[PDB]
Amino acid sequence: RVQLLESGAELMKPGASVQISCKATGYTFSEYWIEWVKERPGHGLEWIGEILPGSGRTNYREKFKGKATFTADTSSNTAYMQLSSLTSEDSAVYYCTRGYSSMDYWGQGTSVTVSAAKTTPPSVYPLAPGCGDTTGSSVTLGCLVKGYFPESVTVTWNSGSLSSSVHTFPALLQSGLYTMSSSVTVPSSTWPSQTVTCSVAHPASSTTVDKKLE
Amino acid sequence: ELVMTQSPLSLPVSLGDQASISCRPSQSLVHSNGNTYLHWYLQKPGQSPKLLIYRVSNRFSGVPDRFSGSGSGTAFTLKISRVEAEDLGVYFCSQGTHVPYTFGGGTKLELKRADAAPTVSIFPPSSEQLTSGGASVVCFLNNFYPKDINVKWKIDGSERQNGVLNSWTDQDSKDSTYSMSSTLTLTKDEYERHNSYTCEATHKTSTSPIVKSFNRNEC
Ligand SMILES: N#Cc1ccc(N/C(=N\CC(=O)O)NC(c2ccccc2)c2ccccc2)cc1
Numbered sequence: 001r002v003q004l005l006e007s008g009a010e011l012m013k014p015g016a017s018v019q020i021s022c023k024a025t026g027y028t029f030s031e032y033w034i035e036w037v038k039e040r041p042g043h044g045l046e047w048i049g050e051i052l053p054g055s056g057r058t059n060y061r062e063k064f065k066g067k068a069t070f071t072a073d074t075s076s077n078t079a080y081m082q083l084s085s086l087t088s089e090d091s092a093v094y095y096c097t098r099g100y101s102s103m104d105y106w107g108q109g110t111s112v113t114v115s116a117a118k119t120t121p122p123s124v125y126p127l128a129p130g131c132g133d134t135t136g137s138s139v140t141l142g143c144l145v146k147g148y149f150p151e152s153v154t155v156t157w158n159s160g161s162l163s164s165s166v167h168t169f170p171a172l173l174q175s176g177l178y179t180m181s182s183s184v185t186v187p188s189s190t191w192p193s194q195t196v197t198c199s200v201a202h203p204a205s206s207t208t209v210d211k212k213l214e
Numbered sequence: 001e002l003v004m005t006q007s008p009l010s011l012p013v014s015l016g017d018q019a020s021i022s023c024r025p026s027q028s029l030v031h032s033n034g035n036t037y038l039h040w041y042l043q044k045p046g047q048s049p050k051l052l053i054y055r056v057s058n059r060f061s062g063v064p065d066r067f068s069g070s071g072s073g074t075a076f077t078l079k080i081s082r083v084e085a086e087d088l089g090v091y092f093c094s095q096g097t098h099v100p101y102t103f104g105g106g107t108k109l110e111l112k113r114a115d116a117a118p119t120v121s122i123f124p125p126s127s128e129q130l131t132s133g134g135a136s137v138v139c140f141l142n143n144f145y146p147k148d149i150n151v152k153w154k155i156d157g158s159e160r161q162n163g164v165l166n167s168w169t170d171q172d173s174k175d176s177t178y179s180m181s182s183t184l185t186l187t188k189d190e191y192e193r194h195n196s197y198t199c200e201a202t203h204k205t206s207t208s209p210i211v212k213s214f215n216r217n218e219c
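As they're listed, the protein sequences go chains H and L.
Okay, so the first sequence: first residue is 1 according to the entry's author numbering, each after it adds one.
Okay, so the second sequence: first residue is 1 according to the entry's author numbering, each after it adds one.
Where hints are given, some of them may not hold.
[Said to hold, decoys possible] Cβ-to-Cβ under 8 Å is the rule here; a few derived chain H residues that face chain L:
1. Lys65
2. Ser102
3. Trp106
4. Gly132
5. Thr140
6. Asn158
7. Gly160
8. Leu172
9. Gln174
10. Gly176
11. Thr179
Hint data in this document are derived by calculation from the structure and do not stem from the laboratory.
Cβ coordinates follow ideal geometry from the N, Cα and C atoms, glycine included.
Kindly produce the complete structure, drawing on both the sequences and the hints.
Written out as structure tokens, the structure is:
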């Protein structure tokens, strides 16, 4: 039972520095390399570097020399990576993996978002069919989560009973803020009698909003 | 710098078929110790990558014998003898021999199911939104296959559009179809000056567009 645990999502202003943790458990921390990979949509996976906790010996990919800084605390079984002078090119998902001759166990991923944009809660809007629209064995409803920042909003549907047929659409950037939508499909037999509600959480502004579909 | 070159970048196969991925390095991958450190990873959608195969042909823990690797010199392949929905995801080849370790681009695998027409549904802006001076009109094109689809927006049948956002989901593992949302964003003012709002999608499953509209004065 090997496991690497990383810190949570970050939103940093350009020119700042961030430090991400990778708590390793289940193996002897100092005998294996801790690898750091970078995933940015479009550029695949890019190896950043590696440290050997024990000797504190590091290997850096040239482009990252001066930018990334590995460190490790063997007392705590924790590996650290600092990223200096953040740039937009630094916005990606960073992984820590364990290493010897393979990267056999990977951490969960830590998203770093570098922006000057302030944090914004979303505006949730119910979407119900209009007059002269719906008929059928089922009715599709939805919620429009709009205008939030940074990324990651979770939208849950608490329908009466029969339902699911839930779809969540990837967020997009619109005028510097994100917008996503979710759709659910319940049987008409049950709607509008049984209540349908979408709950939308956005951890960055610590806001959770509910919206009953009317 | 070791360059790994994979092909294809997209790999669609029917369930129960065979897939084959090719990875070609730019130098020999043989280490000073004689072993060749070429590995294969899988990144199921929504997760971190996972070691699938190590040292060309060795199956890691939890990897079914359907997966198999072969290769030598500068030609390495991955064969999946009988695919299924759980195999859905992105495959990466990689070298752990020369520093920096490098990965391939990946090969996204998609399951080739039969064609399915979209279930198009349209929604007018909501009173709450209309209140904030905005007005978005959304259209869901749910459960279709293939992924290729064109959706046109038409305000009063005239104005075709441009302030539209399209978002596709990934293949849905239960039924292997896709779904997208097209959103036409207007201002309360602009919205209030028009009556018909149409959503038209063209998909190969039909000769004619799937049209869905709503009139503000219907009832
Ligand atoms: N994929 C992959 C991958 C991940 C990590 C490593 N690291 C690495 N060390 C780097 C170095 O010494 O500077 N791995 C070394 C190594 C392992 C342990 C201690 C020293 C060296 C190695 C490579 C191949 C076979 C046996 C041992 C090599 C490849």
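Hint check:
no.: 1; hint: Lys65; in the structure: 12 Å, violated
no.: 2; hint: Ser102; in the structure: 5 Å, holds
no.: 3; hint: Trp106; in the structure: 4 Å, holds
no.: 4; hint: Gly132; in the structure: 4 Å, holds
no.: 5; hint: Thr140; in the structure: 5 Å, holds
no.: 6; hint: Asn158; in the structure: 19 Å, violated
no.: 7; hint: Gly160; in the structure: 20 Å, violated
no.: 8; hint: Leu172; in the structure: 5 Å, holds
no.: 9; hint: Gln174; in the structure: 6 Å, holds
no.: 10; hint: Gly176; in the structure: 14 Å, violated
no.: 11; hint: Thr179; in the structure: 7 Å, holds
Consistency with the previously given hints fails for numbers 1, 6, 7, 10, ordered from lowest to highest.
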